[PDB]
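> The primary structure of each chain is shown beneath.
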Amino acid sequence: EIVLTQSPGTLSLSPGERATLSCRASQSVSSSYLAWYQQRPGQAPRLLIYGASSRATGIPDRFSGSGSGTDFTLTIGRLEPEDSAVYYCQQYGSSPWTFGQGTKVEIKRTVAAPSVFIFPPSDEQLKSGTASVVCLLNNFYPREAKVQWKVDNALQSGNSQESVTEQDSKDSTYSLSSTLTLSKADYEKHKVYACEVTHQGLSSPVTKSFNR
Amino acid sequence: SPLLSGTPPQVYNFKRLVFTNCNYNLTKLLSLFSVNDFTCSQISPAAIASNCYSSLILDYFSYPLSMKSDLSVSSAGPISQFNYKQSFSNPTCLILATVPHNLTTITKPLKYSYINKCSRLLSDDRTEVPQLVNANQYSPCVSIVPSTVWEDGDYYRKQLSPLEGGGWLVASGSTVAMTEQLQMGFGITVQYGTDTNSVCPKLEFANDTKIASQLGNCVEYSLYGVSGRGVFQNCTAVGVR
Amino acid sequence: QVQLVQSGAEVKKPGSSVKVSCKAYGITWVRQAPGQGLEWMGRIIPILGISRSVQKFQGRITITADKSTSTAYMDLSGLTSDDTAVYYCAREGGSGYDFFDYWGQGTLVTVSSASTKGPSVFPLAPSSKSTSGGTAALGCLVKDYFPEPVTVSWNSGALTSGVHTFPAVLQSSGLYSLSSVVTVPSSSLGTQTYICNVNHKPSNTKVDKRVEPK
Amino acid sequence: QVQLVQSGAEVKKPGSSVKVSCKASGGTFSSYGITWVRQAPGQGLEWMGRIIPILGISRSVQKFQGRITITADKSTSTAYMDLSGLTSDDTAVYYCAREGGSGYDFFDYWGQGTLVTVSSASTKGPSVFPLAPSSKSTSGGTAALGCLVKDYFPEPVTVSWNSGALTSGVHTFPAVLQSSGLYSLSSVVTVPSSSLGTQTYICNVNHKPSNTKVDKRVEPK
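Protein chains in written order, with PDB author numbering: chain G, 1 to 212; chain C, 386 to 626; chain F, 1 to 24, 32 to 221; chain H, 1 to 221.
Just so you know, these hints were derived from the structure itself, not from any lab.
Note that beta-carbon positions come from the ideal geometry of N, C-alpha and C, so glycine has one too.
Any given hint could turn out to be false.
Okay, derived cross-link-like pairs now, EDC-like style, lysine to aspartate or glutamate, Cα gap no bigger than 20 Å in a straight line [stated by the list, open to error]:
id	chain 1	residue 1	chain 2	residue 2
1	H	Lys216	C	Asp510
2	F	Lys136	G	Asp123
3	F	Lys23	C	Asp509
4	F	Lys216	G	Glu124
5	F	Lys216	G	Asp123
6	F	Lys63	C	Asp510
The following label-pair restraints were derived from C-beta to C-beta distances [as the list claims (entries may be wrong)]:
id	chain 1	residue 1	chain 2	residue 2	range
7	C	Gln522	G	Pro60	44 to 50 Å
8	F	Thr167	G	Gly77	27 to 33 Å
9	G	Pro15	F	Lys74	53 to 59 Å
10	G	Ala113	F	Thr167	44 to 50 Å
11	F	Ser163	G	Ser14	26 to 32 Å
12	H	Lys13	C	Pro547	33 to 39 Å
13	F	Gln112	G	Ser32	26 to 32 Å
14	C	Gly550	H	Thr71	30 to 36 Å
15	F	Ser163	G	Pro15	34 to 40 Å
16	C	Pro387	G	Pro60	51 to 57 Å
17	F	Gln112	G	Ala113	32 to 38 Å
18	H	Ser135	G	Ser14	34 to 40 Å
If we strip away everything but chain G, and leave its shape as in the complex, we get:
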């Protein structure tokens, strides 16, 4: 069992910039016995380099295996939006074989202004289940997008739950889906539901409107 150090992880790398990944080994390992695996978000890992010397068949040669004995470096000659993935270095020199801590790779091409859509709940959920309130923030890239719910044009406590999808392989953009849970019975005085987004994209907090 060899414990292995890894690069810090999330990094912002522009396209066309070389990316270097470090895989130091605490315990001595074979000079050419390391495997690099790249997994796309929600996708199984695929081997890139075997033995840290030659690329696997069907794998782009932009990723290069370098370094020996203790530190193994993976260098990518060109970066594309489809290069954004988690990379793990696995040492099979010592059994049990130990996978790397992994490093997330983020590719930023340009800042994208967010598009905000407000979804007003249908009467069908009033009959069964909780109608709730939902706010969509499509193309809000980068990941740092903040939405706060507004109820009846009055300040609302931040009890809302927000989920942000990982960047698309080609789009390289992040979309957010904030949701507010409110009691089905408690829908009387409140008339307007809105989500206010603060982001680098857009001139100012883009608030919204329900009425209906």
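Following the hints, complete the assembly by docking chains C, F and H onto the known chain G.
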């Protein structure tokens, strides 16, 4: 001396030493290594100590005492089937010995290892045929296996050239914990010539049966192929030496 | 090239015996904890019949690979609740070359002694205000489903593009929900609006609904 | 236990000299006689001749006398039967079996067999026909795709599924004579995988007269 030099190999990688025309002493081999277990097939162990044969074959490897039962021609154990086989037709004596602490210059392998299974796929997609080692032959599957198996569980695969047979050859490696004192297994496969026995027990002529101290006594003499009955007297050298 | 596929994700009580089946060299099993590095569990070769296990998972996992069956089966017995993880089966080159070229889709095993809830599809509620003609924003929401993962696809999975899927986020309640939204070129209904097929592997409940511009 | 192997099936003209070779693997011949048995297609077995390699003694059936010469070479450990001026009706599969003794004339082991054909016609190389896999089939329960061997004059072409003979789900249909002299037989396999399969290219075919091996990819149409 060649058996003593170096480190003894694994049972599959056993080295072979063959003696055709020399006097042999079993006791000298027994003195070097204490014999934990002695067994022989087709001849008595006492008989093997002092009899002439056309040729003597000795196979030397490091084999632990615990798995001795597995390494038998009668046994169906995998170690006999995929590692070392001794020919049944010629009488075979099998000896398991443990190195003495006093003995020196015997290097010890990291751990004893054996080929768990040896097989060739007749058809790559769904057909596997087990291959049993032929008598001796230094193991056909040995080429994929390293001299000492790296792990208790190991997978080895290689592909034969097509035409022929273009079929994948696969081997497995298993290891056992090294004993504090090295244990070595020796296989002897003597064969007898119909009219000629080149190798004989030491020594062909006894030290007691010598001309010296028999002077003044009528004695039968067999010197260098000259046989006669005569009396020997010491005297000054005469004729060409 | 051999394609590698795995059994549907199964929710099991702790102390159960999950048999994850990797359908059709050697088969290696890797356990990845969520948001954690992958851990190798075992190396079983069907042709050899040999079995290898990691020291941590020893005597609790029985791994059987048969060449005649052509299917690799891993059985985990008395697994702890913390053991819940996504399990992947990876092809093994050999002891000389321990690298996995092909990986299975993966099976998520959950080990909580609670309750399993069938997926509930909340109203699409398409936005009254969206792009007038360029795009119309409509999404069917799946909520109140206890066990991951429910898979929701527009056009019965025909539409693999233009669909945004959001990972389930834990709320105060134990049950968690995820969101699926799609963009349609025709803002007013469009040629076909009957979509939103949903598949829940543990529940085995499939719900299909039609979107209406309100 | 000695495994018995025989020469590949040979097509001969009538009145030719045909030698069928029976061999023991490992080049080992014990004190066991070698005997020859003739089976006509859809007919009972017959005894043709007995040869012992150790003594060189040869005996033949009354019907086949002066036309059959049986020779067994002890050093070669191979037994050969020679038929001279054989009639067209003589065509049959020939089997070599092991004798036990004068009071033990029972055949413990039998050779794979050699088919001898005696027609003055023509020999045609096997023509593979489209697999034509059915468009409609069970959804993963089974898929039916079969490469067809057609227009081959001399038996027997051996067609093996998967290029290594797959025991599971293999169906072979006996050749039936066509109106033309050449005859055709059918090979089909069932695969659980809906598409591609373990191997894209399979269907090895071997014909003893042609000496040609053909492998074709299977495509789901």
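> Hint says 26 to 32 Å; check whether the CB-CB distance for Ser163/F and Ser14/G agrees.
Given about 39 Å between the Cβ atoms, the range is violated.
> Has the given pair, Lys216/F with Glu124/G, been kept, meaning a C-alpha gap of at most 20 Å?
holds (12 Å)
> Measuring from beta carbon to beta carbon, are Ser163/F and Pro15/G in 34 to 40 Å?
The hint (34 to 40 Å, Cβ to Cβ) holds, given that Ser163/F and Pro15/G are roughly 36 Å apart.
> Given the hint that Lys136/F pairs with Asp123/G, test it: the Cα-Cα distance must not exceed 20 Å.
OK: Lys136/F and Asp123/G at ~19 Å, within 20 Å.
> Do the Cβ positions of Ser135/H and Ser14/G conform to the proposed distance bound of 34 to 40 Å?
violated (50 Å)
> Could you grab the alpha-carbon distance between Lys216/F and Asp123/G and see if it respects the 20 Å cut-off?
Holds, at about 15 Å.
> Taken at face value, is the distance from the CA of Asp509/C to the CA of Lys23/F at most 20 Å?
holds (18 Å)
> Just to be sure I understand the hint, the distance between the Cβ atoms of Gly550/C and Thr71/H should be within 30 to 36 Å; is that true here?
holds (31 Å)
> Should the hint that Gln112/F and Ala113/G are 32 to 38 Å apart at their CB atoms be regarded as holding?
holds (36 Å)
> Please check whether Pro387/C and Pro60/G have a Cβ separation lying inside 51 to 57 Å.
55 Å Cβ-Cβ, so the 51 to 57 Å window holds.
> Take the C-beta atom of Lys13/H and the C-beta atom of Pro547/C, compute their distance, and say whether it sits inside 33 to 39 Å.
holds (35 Å)
> Decide if the proposed pair is consistent with the structure: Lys63/F and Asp510/C, CA atoms, cutoff 20 Å inclusive.
It is violated: about 34 Å lies between the C-alpha atoms, which goes past 20 Å.
Hint compliance for this structure: hints 6, 9, 10, 11 and 18 are not met, and every other hint is.
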